[PDB]
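Chemist: Now for the letters of each chain:
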Amino acid sequence: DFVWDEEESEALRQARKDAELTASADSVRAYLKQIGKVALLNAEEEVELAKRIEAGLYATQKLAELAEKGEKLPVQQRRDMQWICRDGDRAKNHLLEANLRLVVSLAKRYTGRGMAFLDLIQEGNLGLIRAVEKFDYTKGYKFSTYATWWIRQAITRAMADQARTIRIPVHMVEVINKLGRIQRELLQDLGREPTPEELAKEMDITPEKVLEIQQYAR
Amino acid sequence: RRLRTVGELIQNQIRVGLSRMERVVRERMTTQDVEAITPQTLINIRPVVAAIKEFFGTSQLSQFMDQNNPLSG
Amino acid sequence: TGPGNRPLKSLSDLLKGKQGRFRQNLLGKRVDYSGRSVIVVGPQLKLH
Amino acid sequence: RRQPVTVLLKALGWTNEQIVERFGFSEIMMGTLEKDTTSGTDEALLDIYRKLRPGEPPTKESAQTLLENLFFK
Numbered sequence: 139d140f141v142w143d144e145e146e147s148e149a150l151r152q153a154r155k156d157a158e159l160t161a162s163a164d165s166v167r168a169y170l171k172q173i174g175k176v177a178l179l180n181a182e183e184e185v186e187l188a189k190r191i192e193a194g195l196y197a198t199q200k201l202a203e204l205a206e207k208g209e210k211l212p213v214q215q216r217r218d219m220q221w222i223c224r225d226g227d228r229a230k231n232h233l234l235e236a237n238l239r240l241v242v243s244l245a246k247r248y249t250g251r252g253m254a255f256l257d258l259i260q261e262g263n264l265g266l267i268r269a270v271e272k273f274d275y276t277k278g279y280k281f282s283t284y285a286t287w288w289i290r291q292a293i294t295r296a297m298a299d300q301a302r303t304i305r306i307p308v309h310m311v312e313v314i315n316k317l318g319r320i321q322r323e324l325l326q327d328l329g330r331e332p333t334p335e336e337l338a339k340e341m342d343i344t345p346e347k348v349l350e351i352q353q354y355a356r
Numbered sequence: 367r368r369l370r371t372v373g374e375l376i377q378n379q380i381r382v383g384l385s386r387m388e389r390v391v392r393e394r395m396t397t398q399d400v401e402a403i404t405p406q407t408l409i410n411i412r413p414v415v416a417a418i419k420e421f422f423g424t425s426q427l428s429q430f431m432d433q434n435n436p437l438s439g
Numbered sequence: 392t393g394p395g396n397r398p399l400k401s402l403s404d405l406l407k408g409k410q411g412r413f414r415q416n417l418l419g420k421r422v423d424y425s426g427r428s429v430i431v432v433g434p435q436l437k438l439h
Numbered sequence: 221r222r223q224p225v226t227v228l229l230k231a232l233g234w235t236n237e238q239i240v241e242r243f244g245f246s247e248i249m250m251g252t253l254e255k256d257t258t259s260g261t262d263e264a265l266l267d268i269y270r271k272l273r274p275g276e277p278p279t280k281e282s283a284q285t286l287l288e289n290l291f292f293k
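Protein sequences appear in the order of chains S, L, Y and U. Per the entry's author numbering, residue 139 is the first one in the first sequence, and the count goes up by one each step. Per the entry's author numbering, residue 367 is the first one in the second sequence, and the count goes up by one each step. Per the entry's author numbering, residue 392 is the first one in the third sequence, and the count goes up by one each step. Per the entry's author numbering, residue 221 is the first one in the fourth sequence, and the count goes up by one each step.
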């Protein structure tokens, strides 16, 4: 639909100001273009991929043993083993490719608290690497739901890590300091933690701005 | 131009402290049984005393008296 | 930015700022082996 | 930002007839009145509210009460 109220004008005013950084880490668009398109995989295909991955890992183990202790089988069989290890590597690559947009959709929930969207996406990707290393065809779960826990716990760990790339905007420090002072005063005089309505009353701003600014606090 | 003398200077800080105490009353008047609430249980004097102490301890206009000699004071 | 919501100082800031390396020598500084006192006329003194 | 003064007068409830009756003695006031793109009180109030509350949604009650809270309450 069509609306050009004052709120939309203010939103575009903000957008033009935010657009002054070209390759902003807060923008996933280039990352989405880099993902491309790979279809969502059903349970049978995912268990197939995991089976190939484990087979390739065991083939790598045996091939590493035979590369040292002699006892090498003729080259014709060694070539099939050399094929299995490559197949396992490819299976791991495909299984990771299948869930980058899952990582993105899990990361989008943590934006606005200090870390850039792409950094959260990298942490989620590493959580996904952790997931593929623990997945088990015996347990029978869908890989998406299983890896979701690993992605979210990795994102939380990075968020809850004392050393993080918190990159708060320059044009928010002053209002955050004012928020802190006013919340402190209201806590000291009201007898309890102030609800955002009281804060908005004191700061002369809409309450949802209070809830938005409070996300940057830590 | 006009002189904001000692009395008005103290009055302004009293006003600020009473403004804080007024918010205190606005809150704890609406968080207690209407039977139990009493004037003395609605009032917290600490903001007013703190404001007066702040004036007399930190305000640029409150100054150590120049006791060099009687004329200086 | 650090925990105080303030930016971290980088390598450039070592020499960029108003108290940077390039401006340290220029500003006045306190010196040892010096004193200060009120002056009076020594009319009996020689010029040296 | 600056505005024609009549934008305030209309916001306060003055009609063009009243403004002419009071300020008709001066030609610059009439020229300001006759070169103002405001029809009446509500439009003037909304125009004032836009400048006073940039980016916020304007409504009758908001502007009408805001102009009063500014100076008359």
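These are calculated hints, taken from the structure and not from any lab test. Watch out, some of these pointers could steer you wrong.
[Said to hold, decoys possible] Computed list of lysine-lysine pairs in DSBU-like fashion (alpha-carbon distance at most 35 angstroms, straight line):
#1 Y:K420 with Y:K409
#2 S:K347 with U:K280
#3 U:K280 with S:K339
#4 L:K419 with U:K293
#5 S:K246 with S:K272
#6 S:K210 with S:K230
#7 S:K171 with U:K280
#8 U:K271 with S:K347
#9 S:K171 with S:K347
#10 U:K271 with S:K339
#11 S:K155 with S:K210
#12 U:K255 with S:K316
#13 S:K210 with S:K200
#14 Y:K400 with S:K347
#15 S:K316 with S:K347
#16 S:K316 with Y:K409
#17 S:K277 with S:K246
#18 Y:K407 with S:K316
#19 S:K175 with S:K280
Chemist: Checked against the structure, which of the hints given earlier come out wrong?
Modeler: Violated hints: 7, 11, 12; rest satisfied.
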